[PDB]
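Only one chain is given next, in structure tokens, and it is the form solved without the named molecule.
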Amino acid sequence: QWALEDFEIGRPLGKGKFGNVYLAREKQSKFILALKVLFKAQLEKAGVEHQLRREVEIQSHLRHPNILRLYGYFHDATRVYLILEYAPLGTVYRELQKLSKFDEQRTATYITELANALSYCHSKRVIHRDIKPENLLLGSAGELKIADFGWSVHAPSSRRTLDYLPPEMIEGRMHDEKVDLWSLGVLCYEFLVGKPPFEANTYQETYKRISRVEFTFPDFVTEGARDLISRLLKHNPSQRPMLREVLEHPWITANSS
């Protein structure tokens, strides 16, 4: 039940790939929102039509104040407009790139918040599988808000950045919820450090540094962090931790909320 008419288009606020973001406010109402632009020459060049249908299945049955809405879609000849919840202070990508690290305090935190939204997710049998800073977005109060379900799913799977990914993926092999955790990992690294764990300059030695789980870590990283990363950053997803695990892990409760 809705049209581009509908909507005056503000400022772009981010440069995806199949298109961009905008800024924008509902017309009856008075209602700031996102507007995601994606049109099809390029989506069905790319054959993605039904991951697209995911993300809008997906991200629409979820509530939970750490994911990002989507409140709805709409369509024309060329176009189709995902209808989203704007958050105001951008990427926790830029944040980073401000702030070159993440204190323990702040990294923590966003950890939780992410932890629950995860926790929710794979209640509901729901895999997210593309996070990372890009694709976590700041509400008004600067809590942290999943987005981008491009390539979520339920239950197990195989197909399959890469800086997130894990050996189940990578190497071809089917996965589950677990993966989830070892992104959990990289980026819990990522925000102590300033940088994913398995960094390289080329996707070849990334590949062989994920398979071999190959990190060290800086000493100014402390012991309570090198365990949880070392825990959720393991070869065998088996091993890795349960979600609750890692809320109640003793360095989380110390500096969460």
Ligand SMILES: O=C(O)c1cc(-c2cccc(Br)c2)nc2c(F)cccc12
The other form holds:
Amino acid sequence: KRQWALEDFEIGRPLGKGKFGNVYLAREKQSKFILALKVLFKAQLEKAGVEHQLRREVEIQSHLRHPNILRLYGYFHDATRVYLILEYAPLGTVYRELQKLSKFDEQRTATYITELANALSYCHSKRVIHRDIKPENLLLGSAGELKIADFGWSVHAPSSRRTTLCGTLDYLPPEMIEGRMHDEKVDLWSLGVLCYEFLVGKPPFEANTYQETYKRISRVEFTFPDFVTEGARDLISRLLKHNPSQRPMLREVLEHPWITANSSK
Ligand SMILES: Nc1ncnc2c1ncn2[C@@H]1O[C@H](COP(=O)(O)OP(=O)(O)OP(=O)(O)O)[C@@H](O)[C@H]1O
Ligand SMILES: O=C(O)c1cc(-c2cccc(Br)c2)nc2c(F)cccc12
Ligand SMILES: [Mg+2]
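Based on the form solved without the named molecule presented above, generate the structure block for the form deposited with the named molecule bound.
First the chain shown before, then all remaining chains and molecules of the complex.
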């Protein structure tokens, strides 16, 4: 843990907010190294009963080493808060990039999907499933490279564990919203949802209510606007399969002709 304390850092501006994570820019006083401190309130973690998720986030993320996965350097705590020491992502979230641009072109989409597929291939090689691949958890590095972050819902495959109860269902596959046993194929479904949202500007199963969203996901009810190309329609339709066993391997996504034709690499 390298015996860190709050007094070793100078805190800066807020970088973002999560349900539990309050994230700030920070500088280690001696080295001047810039990082991010994810601050969590012990009383709120205890009330919600999410201590096990925090333990998994720290245990899983601290051991991953990949350029498209955000590093977790360490942690410390005081009487009321837990502090996670994270690699700072200077270009913000893919969530904000999408609000600004409205929709991404095919080259930007394919490049993000490749980076996501490479990070997930590394995770899956260790049987680590992320399960919370959503644009607010995809951060951007100094070279504009995508970094997977927020490992709070991560687990070792297979799992029957529930995630959110009232939160966004938009990125979750049918087997997760139904409470069934699931594995690595959960991240392949989220990849298809992201590919669709990047090109269209909204996720495929979006609805005004929780029940209607649930209905659309369980029945896999989505249509493409006219501007979506054949190659993108083909990849998205292969990823958004109700049967998880029918979803492609990550190597099949990385070699898909629409991906190799449009990724910047
Ligand atoms: N290292 C970072 N660099 C820059 N911004 C960050 C960083 N980590 C998080 N953020 C910003 O803070 C927001 C909240 O962080 P995070 O996703 O880790 O919290 P959370 O959603 O509350 O966590 P959890 O789902 O584990 O309970 C992110 O969506 C992003 O906007
Ligand atoms: O009772 C506590 O002090 C407490 C500690 C921690 C904790 C300590 C070291 C590393 C990590 Br990760 C977490 N977490 C708590 C929590 F999540 C809720 C309530 C109390 C604690
Ligand atoms: Mg988050």
